[PDB]
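Here is how the chains run, residue by residue.
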Amino acid sequence: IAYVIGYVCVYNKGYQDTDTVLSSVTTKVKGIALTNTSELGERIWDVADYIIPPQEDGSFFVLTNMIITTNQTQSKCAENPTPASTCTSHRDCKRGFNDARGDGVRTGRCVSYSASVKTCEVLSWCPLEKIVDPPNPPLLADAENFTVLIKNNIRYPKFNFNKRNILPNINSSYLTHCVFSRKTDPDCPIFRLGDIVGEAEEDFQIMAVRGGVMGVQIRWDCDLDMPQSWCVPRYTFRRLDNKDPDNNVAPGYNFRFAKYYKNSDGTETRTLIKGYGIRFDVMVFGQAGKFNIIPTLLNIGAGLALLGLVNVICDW
Amino acid sequence: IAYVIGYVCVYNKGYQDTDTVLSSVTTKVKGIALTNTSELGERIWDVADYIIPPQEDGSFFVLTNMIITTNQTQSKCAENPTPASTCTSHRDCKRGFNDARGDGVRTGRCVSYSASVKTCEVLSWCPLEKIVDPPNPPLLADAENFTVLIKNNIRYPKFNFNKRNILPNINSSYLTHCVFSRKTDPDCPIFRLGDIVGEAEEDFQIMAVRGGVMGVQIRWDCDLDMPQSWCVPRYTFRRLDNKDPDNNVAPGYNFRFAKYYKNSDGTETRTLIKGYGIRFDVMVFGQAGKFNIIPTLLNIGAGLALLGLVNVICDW
Amino acid sequence: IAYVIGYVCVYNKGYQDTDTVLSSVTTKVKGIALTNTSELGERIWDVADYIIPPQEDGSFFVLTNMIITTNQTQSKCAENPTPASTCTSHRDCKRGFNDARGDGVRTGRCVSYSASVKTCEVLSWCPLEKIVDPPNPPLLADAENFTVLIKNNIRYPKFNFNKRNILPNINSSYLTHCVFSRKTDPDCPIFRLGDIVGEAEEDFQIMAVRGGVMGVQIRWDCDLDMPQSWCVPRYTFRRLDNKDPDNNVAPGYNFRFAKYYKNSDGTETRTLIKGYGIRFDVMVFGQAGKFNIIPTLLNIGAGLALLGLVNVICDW
Ligand SMILES: NS(=O)(=O)c1cc(NC(=O)Cc2ccccc2)ccc1Oc1cccc(Cl)c1
Ligand SMILES: NS(=O)(=O)c1cc(NC(=O)Cc2ccccc2)ccc1Oc1cccc(Cl)c1
Ligand SMILES: NS(=O)(=O)c1cc(NC(=O)Cc2ccccc2)ccc1Oc1cccc(Cl)c1
Ligand SMILES: *[C@@H]1O[C@H](CO)[C@@H](O)[C@H](O)[C@H]1NC(C)=O
Ligand SMILES: *[C@@H]1O[C@H](CO)[C@@H](O)[C@H](O)[C@H]1NC(C)=O
Ligand SMILES: *[C@@H]1O[C@H](CO)[C@@H](O)[C@H](O)[C@H]1NC(C)=O
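Protein chains in written order, with PDB author numbering: chain C, 43 to 358; chain A, 43 to 358; chain B, 43 to 358.
Since the hints were made in silico from the structure, they are not lab data.
Treat each hint with caution, since some may be false.
The list makes no distinction among identical chains, and a pair is therefore deemed to hold if it is satisfied within one copy or across any two copies.
As the list claims (entries may be wrong) - Taking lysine-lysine pairs in the DSS-like style, the calculated list, with each CA pair at most 25 Å apart, reads:
1) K200 with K55
2) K72 with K136
3) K301 with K193
4) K285 with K72
5) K172 with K304
6) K316 with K304
7) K301 with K316
Given only the sequences and the hints, what does the whole structure look like? Please build it.
Below is the structure:
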């Protein structure tokens, strides 16, 4: 049955010799955002404000919601209310003990956080970060309308193949005022953050309150036997974190950083920013194949050997 | 024809069992640069100045040219000249409209940027970044002479193989005053930035004006049947971005960041730096093989099966 | 010998069709530490202090020891003692010559660093970084007791498989007060830095003095023929760097960064921090297999073909 083995080699790509992809990614974010709060007045956020890591290859972080604590100085200080931190006598707090909250290290004497309750005195940057819910709606909801240009460049080493996701039919005039869309502009690398989140069956406005990790995946599945015109990337978007709050720890995505200031007196103070944002991971993978005689001959020989079993079984 | 199948197994590595490489890279940049300009006077740039991401594993950024806008404050403000931003009456500017330039959000009234023309007021950090060409020659042309030490460590999991690119015939005395060169010192990991760019058929002085992305690739192709003395990495360098300006968007490589200052009055100002630099991507790939009986037997059986087809064809 | 080929296919996974893993990692470090020195007095280090890269996906840097040079102003200056920088006359120093130390560029005249010796004047930030060993024991030795939560998410594209390292049998109540331990809590992702370093046959206290690169590796070896309950990651830890000082360059792991301040007079000063820390690399790899008819048939045919050689050899 030469037809059977021929069809098997045709559809299983057994005659193919395959190789992996070596990729480079560069993303640039463009947009502006306006915030209007009592504390910050009226404010605008340029490209240098809402991208906390200014440029890291492979991913980017877009700040969406955020909490500030200003004028923090190292001092002995009160503690946030907590059942493990309540004071009934000066002997309750253990000198030098380190707690799981991580606000600071305890001391012997303890002071009153307020008139009603007293908590252990700790060494820390005070005033401490107030334990409050993040603002809703998010400050940077305008980050729904940002754009991101993703430039990709792959190489297949063994076959000596180089390619970029910007197809050569496209020109700069079209790319200046272009926006990606599956129905209209499938070849445009300039995505919209709102579209990226929406195509993963999510809502950006709800996501931005606590953040989340979103992955953008690009598939480079190119058949090098056919000309390079059919070597085209395919874009997919997925949500990487977990919605369910009963299984994971610290739902959402956020992190803390600081800005250090030196006063006129020489004392060092710091402003602590806790930022929640959407982190976009760019993942590139693929596998490309070419023609080779030796695998074809090996597969043909093995198929003809299996034809012996086919005949033996047909005999019975 | 046992000779044919034997030679096929010998050269095609059908008897081989292959595995991929798990790698780690660490790079240190050493050098100094001096600049002499009217705005900054005479200046020297240490290791902490021209490497904007201080240490990220896998790649590093070397600043070469820059545009600085100092003492930027939040304010209602003028707009850079642009055909879409020209004022003929106060009703031209749309309240709250967001433009594609991204300098700021528009307001109702508009003032004169200069005596000749008037542009819409915007909420923004001002004075705005002036639209000017980057300085030529670049400020950090001395970055042609920097050195970079690349320490690489690979592991093949299945075969339990660990290796480092620093060969054990080398000692610290040689590596203290060493530099890489194909003809003289091929085993030295200490490359020169000018040499790295030159080996890719590029000119550092021209390309540093607007930047570019270079990839430094290391190939770990080791045959574990032979002793480990033949497991040696191979270095290659190539240019990742595109020179041609009529196909891509925003030619070159650059990014913007900010330094935030607090005045005596408490108002917050920022210095906006737009830096054009050379980003070096370190990409490590390879595949190592070892002897295995089962693939050898399978290939031998398939070859002997194909000998049947060979005999059948020879009969005709 | 159908039994032989059957056993070969059973144990060699010949019938399997394999695919690689596409992974994402997220690490959160929790802990607090106190330092007591003459220069810094009594100090506490929060999450925003000892993690110099605030959040980079795939690795994190935990500061352990440091050298601070404060109030550095750009000016003409003296030089650190060095046999290549000693002065016997004003003609010894070469104007504009760039040295291998990298402290600064030389000038014509040279000045007495101290009463005993004189060195070349250089343009640099001063006072220069004093050449002294890092403090022992390290300032941030308390970083032995920190915790790190590692959340992993893998996908196999061809088989359409998605998984996380947080098993469904685990709940948030257990994960709130959990810690990893091989004997007691093997499914907990919350590791301890001291445990991570210790299980690599290292001591944290001696390693933190000069730092080092530690690799945390996760293996996702899942057989998809069996249910997903057997798809479980496996954790291993290695010491990536080299202890031997006679083969490598700059033993340990450290890097330099700066904090820029603006004085009242408008002059710009900077504080230069040289930080030694432990860099933890998270490397995720794996390979998953499923059942496919065509490889099974090909392997069976080749085995039956090799049975011919088996019979021929047995005949002799
Ligand atoms: N784009 S940036 O230069 O990297 C940058 C942006 C911001 N964002 C804000 O300040 C937002 C804000 C504005 C006004 C008041 C309060 C908050 C803060 C610090 C920044 O610097 C770095 C650099 C490296 C790592 C890190 Cl964590 C920070
Ligand atoms: N090597 S560094 O510490 O990371 C660093 C270097 C510079 N470079 C300059 O200031 C050059 C300069 C000097 C004087 C006037 C004008 C320009 C600026 C800020 C830096 O800090 C960070 C840290 C993380 C992310 C980012 Cl975007 C920045
Ligand atoms: N967690 S952080 O925001 O990223 C951060 C932490 C620290 N660490 C200290 O200041 C320790 C210290 C405290 C007091 C006196 C002397 C030293 C310094 C600067 C920081 O900012 C960046 C941001 C991006 C890149 C870089 Cl290199 C730095
Ligand atoms: C995004 O832009 C559209 C139209 O330009 C506007 O209707 C929408 O409100 C914007 N999104 C946000 C969050 O403001
Ligand atoms: C690099 O150094 C060489 C000699 O040390 C010198 O001739 C050359 O001009 C230097 N490069 C630059 C850009 O100054
Ligand atoms: C870590 O904690 C244990 C107990 O909580 C303590 O015995 C040990 O001294 C701590 N390590 C350091 C370096 O302080």
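To see whether the hints hold, each was checked on the structure:
Proximity of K200 to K55 under the C-alpha cut-off of 25 Å is found in both arrangements, the shortest distances being 18 Å within a copy and 15 Å between copies. For a Cα distance limit of 25 Å, the shortest separation of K72 from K136 across copies, 21 Å, qualifies, whereas the shortest one inside one copy, 52 Å, does not. Within a single copy, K301 and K193 get their C-alpha atoms no closer than 32 Å, and across copies no closer than 28 Å, so neither meets the 25 Å cut-off. Proximity of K285 to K72 under the C-alpha cut-off of 25 Å is restricted to the inter-copy arrangement: shortest distance 22 Å between copies versus 28 Å within a copy.
For a Cα distance limit of 25 Å, the shortest separation of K172 from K304 qualifies both inside one copy, at 23 Å, and across copies, at 23 Å. For the homomeric pair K316 and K304, the shortest alpha-carbon distances inside one copy (21 Å) and between copies (20 Å) are both at most 25 Å. Taking CA atoms no more than 25 Å apart as the test, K301 paired with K316 passes in both settings, with 11 Å inside one copy and 19 Å between copies.
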